[PDB]
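Following the hints, put chains B, C, D, E and F with the ligands in place on chain A, whose structure we already have.
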Amino acid sequence: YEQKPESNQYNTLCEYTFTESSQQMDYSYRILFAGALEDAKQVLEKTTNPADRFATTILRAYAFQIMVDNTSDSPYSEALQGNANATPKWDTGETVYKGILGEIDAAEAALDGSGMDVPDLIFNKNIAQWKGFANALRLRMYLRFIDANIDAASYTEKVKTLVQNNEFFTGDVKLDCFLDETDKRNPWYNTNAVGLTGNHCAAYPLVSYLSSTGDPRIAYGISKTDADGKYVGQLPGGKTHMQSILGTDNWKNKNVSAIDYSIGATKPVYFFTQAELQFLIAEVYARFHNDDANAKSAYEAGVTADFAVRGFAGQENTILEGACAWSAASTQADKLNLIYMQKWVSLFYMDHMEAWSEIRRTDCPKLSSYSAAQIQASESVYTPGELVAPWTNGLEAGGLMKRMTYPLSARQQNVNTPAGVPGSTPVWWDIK
Amino acid sequence: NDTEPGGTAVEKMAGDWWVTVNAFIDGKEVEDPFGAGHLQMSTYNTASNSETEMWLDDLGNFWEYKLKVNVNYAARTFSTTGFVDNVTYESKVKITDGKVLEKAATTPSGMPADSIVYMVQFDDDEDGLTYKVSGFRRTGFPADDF
Amino acid sequence: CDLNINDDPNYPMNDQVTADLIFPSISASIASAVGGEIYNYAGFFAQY
Amino acid sequence: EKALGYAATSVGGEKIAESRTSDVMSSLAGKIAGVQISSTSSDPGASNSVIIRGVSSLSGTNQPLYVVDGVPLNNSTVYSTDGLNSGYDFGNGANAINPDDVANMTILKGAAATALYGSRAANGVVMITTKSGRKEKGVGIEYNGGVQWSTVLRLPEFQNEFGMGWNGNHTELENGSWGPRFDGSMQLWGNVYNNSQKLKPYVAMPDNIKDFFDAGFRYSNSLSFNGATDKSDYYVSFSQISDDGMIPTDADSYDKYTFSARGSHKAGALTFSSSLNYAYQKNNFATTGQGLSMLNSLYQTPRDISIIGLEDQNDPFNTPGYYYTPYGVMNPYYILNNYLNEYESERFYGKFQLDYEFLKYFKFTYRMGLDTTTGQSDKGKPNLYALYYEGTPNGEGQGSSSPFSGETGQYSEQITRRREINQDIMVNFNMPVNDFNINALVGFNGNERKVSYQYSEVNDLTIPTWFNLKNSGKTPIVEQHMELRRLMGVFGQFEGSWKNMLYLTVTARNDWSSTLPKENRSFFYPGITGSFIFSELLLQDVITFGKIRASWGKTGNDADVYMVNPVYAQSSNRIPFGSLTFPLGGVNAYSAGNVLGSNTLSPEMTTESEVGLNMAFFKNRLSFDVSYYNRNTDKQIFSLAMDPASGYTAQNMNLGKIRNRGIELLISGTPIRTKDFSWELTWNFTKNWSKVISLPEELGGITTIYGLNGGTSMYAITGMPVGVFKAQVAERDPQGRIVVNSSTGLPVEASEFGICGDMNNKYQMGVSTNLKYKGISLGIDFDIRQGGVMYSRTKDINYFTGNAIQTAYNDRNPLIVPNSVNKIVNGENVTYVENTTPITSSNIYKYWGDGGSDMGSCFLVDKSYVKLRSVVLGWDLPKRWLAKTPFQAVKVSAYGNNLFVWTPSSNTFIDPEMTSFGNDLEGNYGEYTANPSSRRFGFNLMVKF
Amino acid sequence: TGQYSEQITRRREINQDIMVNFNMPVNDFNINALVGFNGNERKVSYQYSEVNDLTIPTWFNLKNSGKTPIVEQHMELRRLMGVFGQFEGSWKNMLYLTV
Amino acid sequence: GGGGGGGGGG
Ligand SMILES: CCCCCCCCCC(=O)OCCCOC(=O)CCCCCCCCC
Ligand SMILES: CCCCCCCCCC(=O)OCCCOC(=O)CCCCCCCCC
Ligand SMILES: [Ca+2]
Ligand code: NA
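Chains A, B, C, D, E and F are the protein sequences, given in the same order.
When the first sequence is numbered by this note's numbering, its final residue is 432 and no position is left out of the sequence of numbers.
When the second sequence is numbered by this note's numbering, its final residue is 146 and no position is left out of the sequence of numbers.
When the third sequence is numbered by this note's numbering, its final residue is 48 and no position is left out of the sequence of numbers.
When the fourth sequence is numbered by this note's numbering, its final residue is 945 and no position is left out of the sequence of numbers.
When the fifth sequence is numbered by this note's numbering, its final residue is 99 and no position is left out of the sequence of numbers.
When the sixth sequence is numbered by this note's numbering, its final residue is 10 and no position is left out of the sequence of numbers.
Any given hint could turn out to be false.
Stated by the list, open to error - When the alpha-carbon atoms are kept at most 30 Å apart in a straight line, the in silico DSSO-like pairs for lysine-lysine are as follows: (1) B:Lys132 to B:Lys92; (2) A:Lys41 to A:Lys366; (3) D:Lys846 to D:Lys884; (4) D:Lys282 to B:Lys12; (5) E:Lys63 to A:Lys267; (6) A:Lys131 to A:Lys158; (7) A:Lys89 to D:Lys657; (8) D:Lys2 to D:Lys231; (9) D:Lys198 to A:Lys254; (10) D:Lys675 to D:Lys774; (11) D:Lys675 to A:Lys224; (12) A:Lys252 to D:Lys675; (13) A:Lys366 to D:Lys823; (14) D:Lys823 to D:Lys31; (15) D:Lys470 to E:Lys92; (16) E:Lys67 to A:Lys267; (17) E:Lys63 to A:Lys46; (18) E:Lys43 to D:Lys282; (19) A:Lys41 to E:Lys63; (20) B:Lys103 to B:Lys66; (21) A:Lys267 to D:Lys474; (22) D:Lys15 to D:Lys282; (23) E:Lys67 to A:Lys174; (24) E:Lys92 to D:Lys266; (25) A:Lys432 to D:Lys823; (26) B:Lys12 to B:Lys92; (27) A:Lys89 to A:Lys41; (28) E:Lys92 to D:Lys450; (29) E:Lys63 to A:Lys125; (30) E:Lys63 to D:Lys474; (31) D:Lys266 to E:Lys67; (32) A:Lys41 to D:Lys518; (33) A:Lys267 to D:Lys470; (34) D:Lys200 to A:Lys46; (35) D:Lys635 to A:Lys89; (36) B:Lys66 to D:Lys846; (37) D:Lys31 to D:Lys687; (38) A:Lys125 to E:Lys67.
These are computed hints drawn from the structure, not numbers from a lab.
Chain A extracted, bound-state conformation:
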């Protein structure tokens, strides 16, 4: 999505004109370390029940992973020590990815058969599915190492041992327990439909790709234009430019397709969608085994999972047997292209953090050779689905966003926080 023309809350996210002092992550950093990770430390101090320790460790590891995919380095090994170390050193993302994967391992091996005696709003004390949540994160991180070419050999054999065991989660990994009232909604909804007014319109890449593929999912989360009744995306960071070029009266909200908030009031919060799980296996098969039949199986498992979640069960036919089908794809790269693009669709309005990080790892969707201003002048140059570097771009080195600023809170009170790099420098596992 992009910034709705008639409001202004996210101009600097869209044009990448934010800085370290814009604290675009300071709230999240706070609630991740002083909230989630501290309570985990206490839970670990208060219970001796392996299954509770196990599910706690998985949520701790998941929180570290998120931070690392934002700022590469994260505190760890020296964090959560209070006054014993108010300025923890920032470990390199790699040292914490191996660390938290070691923790999950040690916690799984600690299991004894006894049950969870703790309120579990993710899985309702189903130990089997915490195990699947933990393998799914292993898959997710094992593939980060490989495409970073760091110990790729061994993590290649583990990712294959993982996928043939098929010991993953069923359904979705989600916190589904919100109500449409007050302080109890989906966080994104609450912030952007209750706290603020509508700020989101559809982006051009998404809208052109869904309309090209003839995808019915295009109605889920996206509304027709009030001006004309079509699906119209806005080019990244191009709000001020479309108003400059078309005139104020011909590029209002009327002319661009709004993101629909009404499906979000009680919408769950996803940590690992099932569509994403299958799309990762479909990749492991297609690329490290040579098992086309199985890759296609997990690819179609992915499209039909995401088709059911948005309320279009029965309609995967329109991209599974329609053109962009596993067989109108001759190269093995055209089929990995197929997996990554449908992973990308399946992650819209579900788990946006994971979409961006997988965009960084596979670099698919690719970055268009054509600039925003060219794409606007003649759309034929554009191949629907590839990203567009923002029309105004505050990255001195251009291109796309690769990481997030360090928290200003960490900057001002932790002498050891790494020096602010620009948003163009990649995290430790994005190497192209």
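Just chains B, C, D, E and F with the ligands now, with coordinates in the frame of chain A:
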């Protein structure tokens, strides 16, 4: 006790303009030979914020030229001494008898507007003529657009 | 000393109470009875 | 008793009362050296700030101890905990005093000799003394009847060149004035209702905002009764004050009622006295801030829109679903007639004092004080969504970008209970020996403060306008809170005297506090002051009086309540513009509290050394007072910012020294004094040097006092003055040229925020003049404060809205930022070239909205001003006219307050005397579209029987 | 399953009396007249909050529930003015009459 | 800092 908003050194001759390009052919002036209609053009100050020069920018809409012209702010005139570098695309342009005439023109809505006029030649124009760029300052009502 | 203060502030103005504000009471009222103490003593008479 | 070893100032009640202010201390603004006194706003019933010798407490208790007779008077503040979205200020504890009841106010600025009052006297003391019964003619009745008006003082200076539009283009629904230069032509504006639209001349209305305001109006009535015998006295007083401010409708409203009755009776060696006072208050606030608040809605008005034409709601175009603009604001008249913010408070305080003299030189005294308060807030918003959303442009015609989403109505109510008790047991000994004189007094002090409240709120009003906890189909929200703290202490104060010439006093006091760690609650603080009147035993008689004083002393201090132990709160998560709290979904959860406790804290210790001089000449026709002070506050207990990756966002610890050094200087003289005419001038001058010395560096040496997320933030940083602002600034090349985006033309942000000022005045002074001629009295007082900066949302909005005069800059023709370059970077070779990209007309709006070439730092505004603070014309009727009348005295009076303000040329927006974040330290952050300061003038009739 | 509630109630009554009294002996008779005005205003209000099912089974606080709170609020207001008169007559400290 | 802040509409 009234705060003066301020401005750059050439504030009153900077602007956005709606102009049409005429030519002088065989002595007589022919109306819009290139059939281009009304076109958008900007003039604006230089980063040096001087009273002595000013940018003239056709915005890619006629010949794709942009050059600094010499300005006399008091007489509201602007010209070039011979041919000057075109920064848009490696060419050379000459601006002659340039005037900004306050409230002298009228908009399509029948309202007074500032007029702009200037004669122009280009060194890669195979026919080597002098053109007359004339227009008015843009208002902002879409009725006055083209 | 205004004496016209005898409209009960604890309850809404009678205009503002519309048919859609009253109608859901009808089923809940009926349910609280026939699924409560009536249902109760009927379970003894039917010998459940 | 001016054997005092440090600076103080005495004001008689006649001058306190004569400004006819609702409050005791706001008439004193700019008249006392070292006493900084400012109101939070001109809204009726607002708090007043009083800070003596700068801020010492980093958060956030810098008010002086108010001691009424002399019992600690409670002075808690009631103002909004969220000043961005719903700012309101309901008052200050000292405001309850009836100014007509005051006999003498002495303000003690020194923290060297505080054993009498305890810890809270380190911010200074305001020692009020109330009037007593007296013998006089005739019946002992004084009446004061007042009447007064207020008008708006300074509105932002507006551009009047361009009307409604955006990007330079004409629109019909904008909240801003980025359209075309005015034509005089017939344009369309506002929504279309029933297939018809408003069409008006496209001209400016320069007075449109000015004419929205009313004249405020205020009546007051004060009555007292007094009498004495030679063994007793009795005083009983009543005061009423009814304020309806300049904002249209009754939404500025303050009603004050006080009643008080004090008496004494001596029998033999025993005297008992008591003073019992009751105070009532009802405030109504016109809420401020960035949402559907009145003033935000009012400032976002095109310069061609007539505001007073928007009031009639029988005109459908002013109805909320067709109001001309839908961009996150509403009709101000609708917000004022339909939103509720209300406060009501009843308060009883008093003392009992028993004095018993024995053995010729001893005096025992017992004094008990009790202060108790109940207050009730009631806040409501209509459910705009179900009222106006479907069917209207503003409306379902705007979808998710409507001002009615999710304005589904809200109502809450809070009830708050405060109660302080103070107990004093003192025995005093006083005996002359030779020319020497010994004054010794030892004492015990007990203190107990408690506050509690309960709070309940419902959202989604079923019947949209009725504000009642029953009117919601959804879960209510409830909160309850209680604090209790206790202090005991013993103290002694020995005062030696020699021949009315050499006064030397020493103090000493050891408190025990509940709020310190159990292992360390006792703290001890001594103090030495001295005084020497050298003109007494120096001829002439040209030196009327000559005094030199010195003081060295410490005062201790404990922490705020409950800062030693770890807590677990009920789990909640603060997310941008919202929360996600437990219970979900049926489960309740507790999270470890995000402030780390400490059981190692030690007491706070304030040390101060002061010298001073006081000389008078020619029968007190020329006087001066000067003081030099050096105050450091050490080990102050504070919740100091910490990296959240430690597990907590803050740790309680002892800070370092906050220092205030400065000079206070007062000069007065009467150039002219005949029988019928006297003229006196007075000049007071203050210069205070604020410096934080150290913040424990293990946590960095910076901590936030108040700031916007990714926006202007005020800090305390290790080596600098309290309250330094950081704000966004344009990048600049090594040569001071401003770096500019090569495509849009607008300035580029720098890597870091720039340090852009502090909150402190560099100096502040007043100049006053009094003229008497035959019972005619004329006073003029000027208040000067220069230096410091302050965030101003008033500017920020009139820049963004394109209404400020500054935005008419290049007459809005495309322009290159003078002295601008582009940063050409190829991998790692940075090079700057001359910028040739102009700001287009379409983007002019955004150049100014973000602050021009200053960027965010633009909205830090110079705090400086000169004010004509008060003027008082007074006429005591000649006594002979009162002969066949019941009147002993009549004095008619005319006065004006806050009459005119001059500011630097860089500030054409606000009266710097505004805030949105209270009357203490966080208030210095700035003003978040506070309501505009008022100019007040009135009459007062004083009738004595 | 536990319960905790809290109520704050607030009452306030104002009464005002303005009277003039007249007393004159005439011969043996004695006359005392009294005309007056009375004004009165009474007001009570309260606000009430309650939570059930206590998470921590012994701690009595409105935070200590995972279930819905109950909230109730109440106000009543009544006013009254009156005029009155009381004539008492008296003969020789023997007959007394009052109207 | 802390405390949000919204842009306006235009
Ligand atoms: C000549 C008699 C002197 C009696 C002096 C009473 C001495 C106790 C002070 C004390 O220990 O701590 C005071 C802190 C709070 O006290 C209260 O909350 C009030 C407790 C109740 C005090 C009642 C005092 C009665 C006064 C006639
Ligand atoms: C010589 C003075 C005679 C004053 C006589 C005042 C008479 C009017 C009372 C009235 O109408 O109704 C009383 C009902 C409640 O009164 C209030 O709520 C109190 C209203 C405020 C009354 C303030 C009285 C101040 C008296 C010092
Ligand atoms: Ca008013
Ligand atoms: Na926490």
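Structure-based check of all given hints:
no.: 1; hint: B:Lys132 to B:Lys92; result: 17 Å, holds
no.: 2; hint: A:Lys41 to A:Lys366; result: 40 Å, violated
no.: 3; hint: D:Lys846 to D:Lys884; result: 74 Å, violated
no.: 4; hint: D:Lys282 to B:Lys12; result: 56 Å, violated
no.: 5; hint: E:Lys63 to A:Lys267; result: 26 Å, holds
no.: 6; hint: A:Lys131 to A:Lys158; result: 16 Å, holds
no.: 7; hint: A:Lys89 to D:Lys657; result: 29 Å, holds
no.: 8; hint: D:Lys2 to D:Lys231; result: 27 Å, holds
no.: 9; hint: D:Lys198 to A:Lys254; result: 22 Å, holds
no.: 10; hint: D:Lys675 to D:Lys774; result: 8 Å, holds
no.: 11; hint: D:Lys675 to A:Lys224; result: 89 Å, violated
no.: 12; hint: A:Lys252 to D:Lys675; result: 78 Å, violated
no.: 13; hint: A:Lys366 to D:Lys823; result: 28 Å, holds
no.: 14; hint: D:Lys823 to D:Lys31; result: 53 Å, violated
no.: 15; hint: D:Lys470 to E:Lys92; result: 67 Å, violated
no.: 16; hint: E:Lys67 to A:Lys267; result: 22 Å, holds
no.: 17; hint: E:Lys63 to A:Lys46; result: 22 Å, holds
no.: 18; hint: E:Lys43 to D:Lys282; result: 15 Å, holds
no.: 19; hint: A:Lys41 to E:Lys63; result: 23 Å, holds
no.: 20; hint: B:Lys103 to B:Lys66; result: 25 Å, holds
no.: 21; hint: A:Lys267 to D:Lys474; result: 19 Å, holds
no.: 22; hint: D:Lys15 to D:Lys282; result: 27 Å, holds
no.: 23; hint: E:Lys67 to A:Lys174; result: 23 Å, holds
no.: 24; hint: E:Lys92 to D:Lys266; result: 44 Å, violated
no.: 25; hint: A:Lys432 to D:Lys823; result: 26 Å, holds
no.: 26; hint: B:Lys12 to B:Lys92; result: 26 Å, holds
no.: 27; hint: A:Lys89 to A:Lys41; result: 18 Å, holds
no.: 28; hint: E:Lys92 to D:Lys450; result: 63 Å, violated
no.: 29; hint: E:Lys63 to A:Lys125; result: 26 Å, holds
no.: 30; hint: E:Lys63 to D:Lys474; result: 18 Å, holds
no.: 31; hint: D:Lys266 to E:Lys67; result: 62 Å, violated
no.: 32; hint: A:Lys41 to D:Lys518; result: 28 Å, holds
no.: 33; hint: A:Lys267 to D:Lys470; result: 28 Å, holds
no.: 34; hint: D:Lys200 to A:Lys46; result: 72 Å, violated
no.: 35; hint: D:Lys635 to A:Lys89; result: 28 Å, holds
no.: 36; hint: B:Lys66 to D:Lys846; result: 25 Å, holds
no.: 37; hint: D:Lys31 to D:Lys687; result: 14 Å, holds
no.: 38; hint: A:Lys125 to E:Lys67; result: 21 Å, holds
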